[PDB]
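The lines below spell out each chain.
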Amino acid sequence: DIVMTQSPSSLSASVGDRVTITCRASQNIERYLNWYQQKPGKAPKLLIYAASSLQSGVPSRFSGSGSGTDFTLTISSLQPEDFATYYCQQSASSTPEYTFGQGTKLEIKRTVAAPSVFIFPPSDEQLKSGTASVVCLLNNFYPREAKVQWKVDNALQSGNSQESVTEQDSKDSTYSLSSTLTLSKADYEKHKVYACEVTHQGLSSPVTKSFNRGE
Amino acid sequence: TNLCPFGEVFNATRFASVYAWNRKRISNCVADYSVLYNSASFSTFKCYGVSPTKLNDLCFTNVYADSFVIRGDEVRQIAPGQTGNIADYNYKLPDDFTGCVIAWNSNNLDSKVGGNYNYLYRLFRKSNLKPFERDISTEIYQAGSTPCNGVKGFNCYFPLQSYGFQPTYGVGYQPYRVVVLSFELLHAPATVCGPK
Amino acid sequence: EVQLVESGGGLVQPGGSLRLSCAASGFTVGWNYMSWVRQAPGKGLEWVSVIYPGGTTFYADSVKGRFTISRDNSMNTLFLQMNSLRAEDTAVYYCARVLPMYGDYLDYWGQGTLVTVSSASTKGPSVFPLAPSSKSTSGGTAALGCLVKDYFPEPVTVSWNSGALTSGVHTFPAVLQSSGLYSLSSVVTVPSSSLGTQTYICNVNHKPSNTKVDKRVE
Numbered sequence: 001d002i003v004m005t006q007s008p009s010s011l012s013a014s015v016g017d018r019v020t021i022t023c024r025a026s027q028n029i030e031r032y033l034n035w036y037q038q039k040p041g042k043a044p045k046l047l048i049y050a051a052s053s054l055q056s057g058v059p060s061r062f063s064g065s066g067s068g069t070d071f072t073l074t075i076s077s078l079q080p081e082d083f084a085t086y087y088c089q090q091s092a093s094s095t096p097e098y099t100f101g102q103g104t105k106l107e108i109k110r111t112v113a114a115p116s117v118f119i120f121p122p123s124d125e126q127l128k129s130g131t132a133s134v135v136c137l138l139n140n141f142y143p144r145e146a147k148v149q150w151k152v153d154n155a156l157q158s159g160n161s162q163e164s165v166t167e168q169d170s171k172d173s174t175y176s177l178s179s180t181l182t183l184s185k186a187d188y189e190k191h192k193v194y195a196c197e198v199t200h201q202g203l204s205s206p207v208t209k210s211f212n213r214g215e
Numbered sequence: 333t334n335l336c337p338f339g340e341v342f343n344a345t346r347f348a349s350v351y352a353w354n355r356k357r358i359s360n361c362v363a364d365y366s367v368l369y370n371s372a373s374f375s376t377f378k379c380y381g382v383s384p385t386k387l388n389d390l391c392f393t394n395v396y397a398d399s400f401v402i403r404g405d406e407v408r409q410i411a412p413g414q415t416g417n418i419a420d421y422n423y424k425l426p427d428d429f430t431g432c433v434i435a436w437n438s439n440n441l442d443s444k445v446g447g448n449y450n451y452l453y454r455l456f457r458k459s460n461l462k463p464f465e466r467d468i469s470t471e472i473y474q475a476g477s478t479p480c481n482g483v484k485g486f487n488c489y490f491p492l493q494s495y496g497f498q499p500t501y502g503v504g505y506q507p508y509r510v511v512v513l514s515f516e517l518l519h520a521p522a523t524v525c526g527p528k
Numbered sequence: 001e002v003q004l005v006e007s008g009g010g011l012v013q014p015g016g017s018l019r020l021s022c023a024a025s026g027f028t029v030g031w032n033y034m035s036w037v038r039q040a041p042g043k044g045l046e047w048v049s050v051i052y053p054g055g056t057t058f059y060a061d062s063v064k065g066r067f068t069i070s071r072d073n074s075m076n077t078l079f080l081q082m083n084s085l086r087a088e089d090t091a092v093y094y095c096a097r098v099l100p101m102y103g104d105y106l107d108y109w110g111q112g113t114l115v116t117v118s119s120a121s122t123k124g125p126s127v128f129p130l131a132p133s134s135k136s137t138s139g140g141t142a143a144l145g146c147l148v149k150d151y152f153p154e155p156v157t158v159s160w161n162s163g164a165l166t167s168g169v170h171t172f173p174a175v176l177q178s179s180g181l182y183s184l185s186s187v188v189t190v191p192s193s194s195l196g197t198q199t200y201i202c203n204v205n206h207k208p209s210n211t212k213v214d215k216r217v218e
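Chains D, A and C are the protein sequences, given in the same order.
Letter 74 of the first sequence, counting from 1, is numbered 74 in the authors' numbering, and no numbers are missing.
Positions in the second sequence are counted from 1; adding 332 to them yields the authors' numbering.
Letter 40 of the third sequence, counting from 1, is numbered 40 in the authors' numbering, and no numbers are missing.
Heads up, a few of these hints could be off.
[Stated by the list, open to error] Just some of the chain D residues that point at chain A, by a computed CB distance under 10 Å:
| no. | residue |
| --- | --- |
| 1 | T22 |
| 2 | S26 |
| 3 | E30 |
| 4 | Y32 |
| 5 | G68 |
| 6 | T72 |
| 7 | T74 |
| 8 | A92 |
[Unchecked claim] The following residues of chain A were derived to be distant from chain D, with all beta-carbon distances above 12 Å:
| no. | residue |
| --- | --- |
| 9 | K356 |
| 10 | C361 |
| 11 | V367 |
| 12 | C391 |
| 13 | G416 |
| 14 | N417 |
| 15 | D427 |
| 16 | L441 |
| 17 | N448 |
| 18 | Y453 |
| 19 | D467 |
| 20 | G482 |
| 21 | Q498 |
| 22 | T500 |
| 23 | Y501 |
| 24 | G502 |
It is worth saying that the hints were derived from the structure and are not from the lab.
For each residue, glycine too, the CB sits at the ideal point set by N, CA and C.
Isolated chain D, as found in the complex:
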């Protein structure tokens, strides 16, 4: 089985930059190499076939080159919509023996953006099910590195919260984060003030959003 190794595994660059991804074949595959782009949750899109042939409808800033065992995919001027994972694929044998590279994830680098922070106390409908979920939302920030600290009234909480991060928005290259603190209704009723404290590079000092149980 032909092994395709892509480099680098991950890569970050700014808008307008020239970006190069390399892909290397375990054996000679001539020019039977294709390049696909996959954006999160969407269908993979063919970018390049036959090593250097640009597929119909693909912007001209995408270029393919290489032959034998070494191939490169070039984006001449990086665009925010170009954030995605790029895969090389070999089709050397006349009998189908397709193999993919492990893919390279390309993210867009941009200026720092501080998150906007919101907090949602548990629904009154969820409390009739015996559970309380408190949500804290960090919207449209960069870089992705943020820290969410749940404080159930200056008592730092641990082990009862999960967080989820969206993938880079393909127009402003920002992230968004969801933190969910879940308790029994009983444990929820044992405390007063619920706060999420957000620390992020774009913030002079941590921003806390809080509420009190029962208004």
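Keeping the supplied structure of chain D fixed, place chains A and C upon it in accordance with the hints.
Same frame as chain D, but now just chains A and C:
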């Protein structure tokens, strides 16, 4: 002592493209297969039914010599029960095939700097070929719902493609010449025999 | 226009079977090279199977003897019949049209269908509102949303106002809780003024459980 014209087939200057594979019939001749089986020229010599030697001791109603060029990558498709672009849309052997598939690398002869575009193969066909069928259709292949009216474009593709052999290719992508000998046996008296 | 739409994915127990469908529109499947490719969650693309226009089929070593590819011409649909499914087969499955002109390359892909191989049971989600508050006023901006809790398996689809509201919408990736069930949140930021004029409804859909929920927020 009318010996069969195996030299006209094996030592020919140009070979046919696989989609238009060449067939020459061999009749009323004395066949010396020794010239071919004890030959160090061939990389592939698979015989089915018969044995490669045993061969100058037999007789047959007719002998068919089919010649073409493929890439060595595809030589294993010239065999019964095989599937693939060549076996499906270019040259198909039957399941009861008795004969020999003989193949050899022809890079000195069929590769050209910048590519040899005289050897073609069929990539598109609606259905598989039957054994020993030959299709020389050139009609645009309709891959979509809209007809093509002899025009190429999206979902309308020329059914043949050039191999484009270059001398620098790896051995898997290099041209191999293939001769398939089929030994037809009939009611009718045998017309081709070995020196036996 | 050209389209490939996958369907039939869902929850399947280990050792079970499942048939995936791929409805095509532009091209006619009978005359085309077609392929099934899969992608395990968080990992890379892995070729599964391919069928030629003449009917000859080819399978990756991971799935031979267990997967079979077929097609219906009058339905213009490609099929992948999977038997003896294992945990490693959990993946998104894409169909794609294959062109053989310079090797085989996949020029049109569907958006895929998720197949989860697990010994758990299907569970529909609970949909709770994340109501706009004074706590949720960023200047002149108000955030509101829906919490889609305690479902299995993935995925759920969340739209807003039956698809009419798409700007400022963030549907976060699901996270696997302690329980073993999934939870998700879908938020949207809007001008605070809008809160008085427009109505905000999250449409949650979980087809593994035949669950459809329309929840108004505030």
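Are there hints from earlier that the structure breaks, and if so, what are their numbers?
Checked against the structure, the hints that fail are numbers 1, 2, 6, 7, 13, 14, 18, 21, 22, 23 and 24, while the rest are satisfied.
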